[PDB]
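Coming up is one lone chain in structure tokens, specifically the form deposited in one PDB entry.
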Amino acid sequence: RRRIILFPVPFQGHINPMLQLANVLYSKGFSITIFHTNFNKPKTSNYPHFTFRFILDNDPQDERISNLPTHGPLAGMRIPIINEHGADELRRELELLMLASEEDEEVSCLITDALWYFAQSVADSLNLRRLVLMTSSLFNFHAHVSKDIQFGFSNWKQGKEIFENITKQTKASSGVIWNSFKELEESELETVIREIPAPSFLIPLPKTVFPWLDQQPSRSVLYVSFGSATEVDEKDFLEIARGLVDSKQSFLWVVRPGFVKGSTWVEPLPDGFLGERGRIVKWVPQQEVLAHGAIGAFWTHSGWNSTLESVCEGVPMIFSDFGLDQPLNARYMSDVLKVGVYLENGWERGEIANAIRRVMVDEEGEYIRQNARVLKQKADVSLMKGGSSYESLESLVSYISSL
């Protein structure tokens, strides 16, 4: 009857929330098409109820779109190229799908990542309403729209121009879905919502057996995962390893193959690393691990969705920055939400070990765990029938029908 088209940005903290949004909407009775680049294409057999359609970089990519690291900060150069060049092809794919539409179905709206600001005038050209998904925090929006990091950004010409384009095309959209809940960022709400005429909807999107974990005492394991796009130099990998050892905590460390530049997997690890404490794996399902009673803390990339998934399960964090990430976001988590510790000095064994001990062992760290557990309760209540997130979602579903 009603189909929604979703068009995510193809990177860690963008894909997952858009897919989760797809699942929510599927469960409210919408059919789902996902438009996605061939680059970082998700695993489609894991979402058999969605139609996937690959666009924008099909077979003959040709140019620099064909070059370009697949990992680290420069991978994202794909995004400005598509914002600049992708309009006519996005338009064609939208038309092809409307032409093949079955007689009993229609397309309700297009939902894009906010970073895909080019999509607004394309949607407008076809008389299709576009909603936007903000995959990151309300605070992040507030900090850029209105002290040291703010002046770092005022010095950054590309960052500022992209942000102005995002902002204008978000305001022009028919609605904004934020990956958050009201009780998490209650001071940001009024100000952010108000700056944007398009109606806002806050929905916290993050809401199998581990034999080795099952044998560990509660809150005894450090879970370490930097996600799918990140990379480090060999020196940094070794400092991460030295830090884990010196913490003397038990750890489950997820290391993607390719995470260490210049090696397939973990060749640089010293002989007899691991011992009786550590476990290393290539991949695990993160939400499931975070829900396990063995996990005492989560050392993560400072991405917002990772962070939200952790507080939604009551797990405190250690935060590391990668690529072009601004310290802003980990500061907010550390110093305002107070649900983890930020590593200020890159990768250094002493700081690493201290942060692990602070969150997992130290008496004076327990406030952090507690803060995390309060947030988890609030998330639970918000999603409760009657709660603010439950009602936001119900209103969005009805609004989509009214477009």
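Residue numbers count along the first chain shown, from 1. We call the rigid core whatever largest set of C-alpha positions still superposes within 1.5 Å between the two forms. What changes on going to the form deposited in another entry:
- In a core superposition between the two forms, the Cα of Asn329 is the only one among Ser174, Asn329, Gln120, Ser247 shifting by 2 Å or more.
- Once the rigid core is overlaid between the two forms, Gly152 counts among the residues whose Cα shifts by 2 Å or more.
- Taking the rigid core as fixed, one finds a CA shift for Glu102 of 2 Å or more between the two forms.
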Second form
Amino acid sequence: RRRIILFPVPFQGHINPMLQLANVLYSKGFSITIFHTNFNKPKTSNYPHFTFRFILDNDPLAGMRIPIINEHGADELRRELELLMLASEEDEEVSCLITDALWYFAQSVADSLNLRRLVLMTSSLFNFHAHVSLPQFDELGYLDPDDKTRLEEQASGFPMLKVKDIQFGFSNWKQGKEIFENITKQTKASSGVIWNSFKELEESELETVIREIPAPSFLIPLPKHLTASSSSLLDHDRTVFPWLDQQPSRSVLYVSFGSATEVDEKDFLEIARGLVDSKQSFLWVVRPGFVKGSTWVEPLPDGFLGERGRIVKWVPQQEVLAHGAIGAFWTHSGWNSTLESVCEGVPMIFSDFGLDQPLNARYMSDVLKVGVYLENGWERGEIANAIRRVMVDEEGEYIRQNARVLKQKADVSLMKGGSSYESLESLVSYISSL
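Now that we've seen the form deposited in one PDB entry, could you pull up the form deposited in another entry?
Only one chain is given; partner chains and other molecules are left out.
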């Protein structure tokens, strides 16, 4: 009997994957302790088989906890580790810790303890290519936002990307590679690295991973394993499932934009019209506090759709995406939502609110070819001409085709004698054989 220590980052896009992995690992035999701040704590009654430890705070702007924890957490993380290693019975040794990547400082703490740390990568191999070649991007001044980026113009080497992708996708040059420097470092210094993906999804970046990571990396599509429904930090309105049933097959555009994202009153209305203008049935989730200078959706006028679509606060998305009523998904190019998509097999409109969303958008658009990327902000014509495109237009059947070829591949992964299948037997072997 052997304990894994997991340690998410307490934001939905990190919780979601980290606990899915937790569930898959309990399956295969391991005791499971979870480190988590008291901030954004998930519902624990949902996870009766996991032991939970709250730390670091036992008495978009919220994402500063990450850097604040990194520098000031070390000595608190080490304490609780040692506690847990101590109290552990003769017959329940801790095999390993498994953190988010952004916990780049656990590796010193673990190092200091001699415990070995594995890493959960909540974004893609491509993402991690980007960060690897960042000192290559400083040179060309892609990280410089003073002058300009060239028009639909390829960066360097084998540029599946463009300079905008990086420009906006690394639009925190104000802080700079100071952070990402270590994340990449602290990924490579690791005893292993679990990728939320499968082998056909990113086969070009395998090399990038097998080059830079001396430790074995293991390729694991979590959504295909199990749904992340019971780590939702917000309450699901399930009143959408009885509806969808009464939409005809593939006539609903799902529309989620992350768990953090904010928009102006101007754009929210803009986003609004485009959806009507497209003349399609669409379920559109809107967080509580999504629109700025408002609480929920006061900005919405009366007499917009009403029959075709309905707004909601929050839903169990994977469960949604898997409904036939679904035809596409207006993502924000967050990775889980993006990955969920491929695995349930739905084509997507893209967007980017920085960080990683262009990167994701880019090589989901062009490489795989499973979506349409509004590069150029928000126009009520374009948006409707992306949605019509993917959904109705006869000029996106190659989008719809590819978006479901890739799904069968995923099932094949998890079918015995398949990448993901073997990767999990291996990961499992890699945890035990320690």
